[PDB]
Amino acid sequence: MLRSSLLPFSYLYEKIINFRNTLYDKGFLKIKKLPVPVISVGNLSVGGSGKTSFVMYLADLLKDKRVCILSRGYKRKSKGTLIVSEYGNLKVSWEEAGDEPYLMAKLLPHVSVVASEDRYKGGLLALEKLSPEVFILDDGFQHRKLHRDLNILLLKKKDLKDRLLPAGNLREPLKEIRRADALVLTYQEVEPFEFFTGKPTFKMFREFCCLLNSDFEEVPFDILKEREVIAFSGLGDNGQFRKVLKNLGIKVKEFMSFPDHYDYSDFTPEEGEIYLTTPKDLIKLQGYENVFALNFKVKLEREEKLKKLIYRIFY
């Protein structure tokens, strides 16, 4: 009965969140405008809702534009505004960038990535140094201080039954779905679901494509043919990763579980063996040419309307 014990904090947190949102709604707090288009990707949950996949998909749609991701870079022990990546060129290590913005830069070698708590300041720096044509906020639904021309909200079925922090995982009450210009329905593979709001709505799917090597280049799945791999990941990821490796038919001779906080500073792989791990782990192991991650293609069902919305923000 522990969870219900946190409900009083949830109701309190609701008042705090609703007040802030009301101030934004009614024009009491400033909303700043960058002089090029801004697309926000977001979610209502503190848990994952497929954002990295959707940013990959979104960047691919925008492959003919100069793209810059504006990330919070929340973890990082350093602060201020920081260029992590210039169109694929990493400017800092993962330690300094934080895991997540560094990983996004590796997953998207054609886009820039800027880490900045204040997204607007991030954009200004990018404008001066990188001359991008469009910004993507990878987690910007609540960052209402920055105007976005297209507000995309990711929603998984589980969100619809959740409750506010700290009793549940929601950062905001479900009514705030109203702020979205478009919904992307995620986690379809494990929990398929429909949701009608009248808003433009798109189901997202992932499909296995290839391995990623330690340099994050795409390499064929073929190399696993008649090989048994050693797989490893952080403590929590162990579950999802295992299930996925099995359903893909990947032969695993041994699995290893490390703590979620591992910098792999003591990791010693065996020459001649092939390793599979998560992209979040892979970033700490570049150079090891026998360590790979799985790469998935990202697709949106009936995407045409989404493309139209994106097209129209460049006027």
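Numbering follows the first chain given and starts at 1. Just so we're on the same page, rigid core means the largest C-alpha set that superposes within 1.5 Å between forms. Compared with the form deposited in another entry:
Core-superposed comparison between the two forms: CA of residue 60 displaced by less than 2 Å.
Superposed on the core, the two forms barely differ at residue 162: its CA moves less than 2 Å between the two forms. When the larger part is held fixed by a C-alpha superposition, the smaller rigid part turns by 24° between the two forms.
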Contents of the next structure:
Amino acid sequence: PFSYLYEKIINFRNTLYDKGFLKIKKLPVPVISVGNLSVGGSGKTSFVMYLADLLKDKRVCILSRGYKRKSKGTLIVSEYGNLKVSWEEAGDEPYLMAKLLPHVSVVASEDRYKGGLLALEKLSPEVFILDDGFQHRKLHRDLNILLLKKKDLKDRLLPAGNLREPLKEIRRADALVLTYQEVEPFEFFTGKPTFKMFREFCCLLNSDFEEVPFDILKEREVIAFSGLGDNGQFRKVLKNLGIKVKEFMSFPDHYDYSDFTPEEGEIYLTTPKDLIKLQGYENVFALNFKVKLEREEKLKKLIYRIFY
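Having seen the form deposited in one PDB entry, I'd like the form deposited in another entry now, please.
What comes next is one chain alone, with no partners or other molecules.
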């Protein structure tokens, strides 16, 4: 215990940034930040991929921390779709983004500015997206996008609750994205430009990352599993879709699946984040989805202003 202190620290830190007492560094191309206020997952990766698709007319580089990765330095994970490292070296989320975005570069660094300077030197990108950037104040962003989910609104600061910062810090966002609307719909009004995000669960991937039809999940009970910030929303999605799940295994976030052995005759259903670690396993599939945003044309205008 407790708790009261973390908040002091975070508050102190934010005030220092608020008043020009800590350095904020600036990259010489536009930078969009995507981030959120809590631990446990908010659809940031998905929103990043959506953004990357909006931005397809530009050379895009994603700057990521690469959580849990086995490497140290600033690292180029992918150049314009050429994967330079294994998923274990990249961290599962940078690798997943690189893999699903064959037109985008991905760099992992603790210090995002440093990652960006390395990318500029080697990759020449026209825009950076920070994949988890909201708390990383020391890097200037031209558009600060905050993702919020319903749960956040009644949550509290770590380590009692899941908030990384108090809710008042919503003030720092240029735009809010209200996520997980297909599972926990909600409304937030703040006066800030606000966009609801929906995941449209439409697709099945085999372990070679090829689309396959659902006919396979028919009259089969599956064993489902994931290791996620929150496995609960995945198991809720499966129920809402009416997928017949006979057993659900809830693994730790970023689980490496070293212990995993499929049982003969069974069908396994999992997420793409998990499937990157199980490539080529037969009879392991992932549920995939499209990301859809309200008022996209409004969002696009907001996004393109940064280039002017």
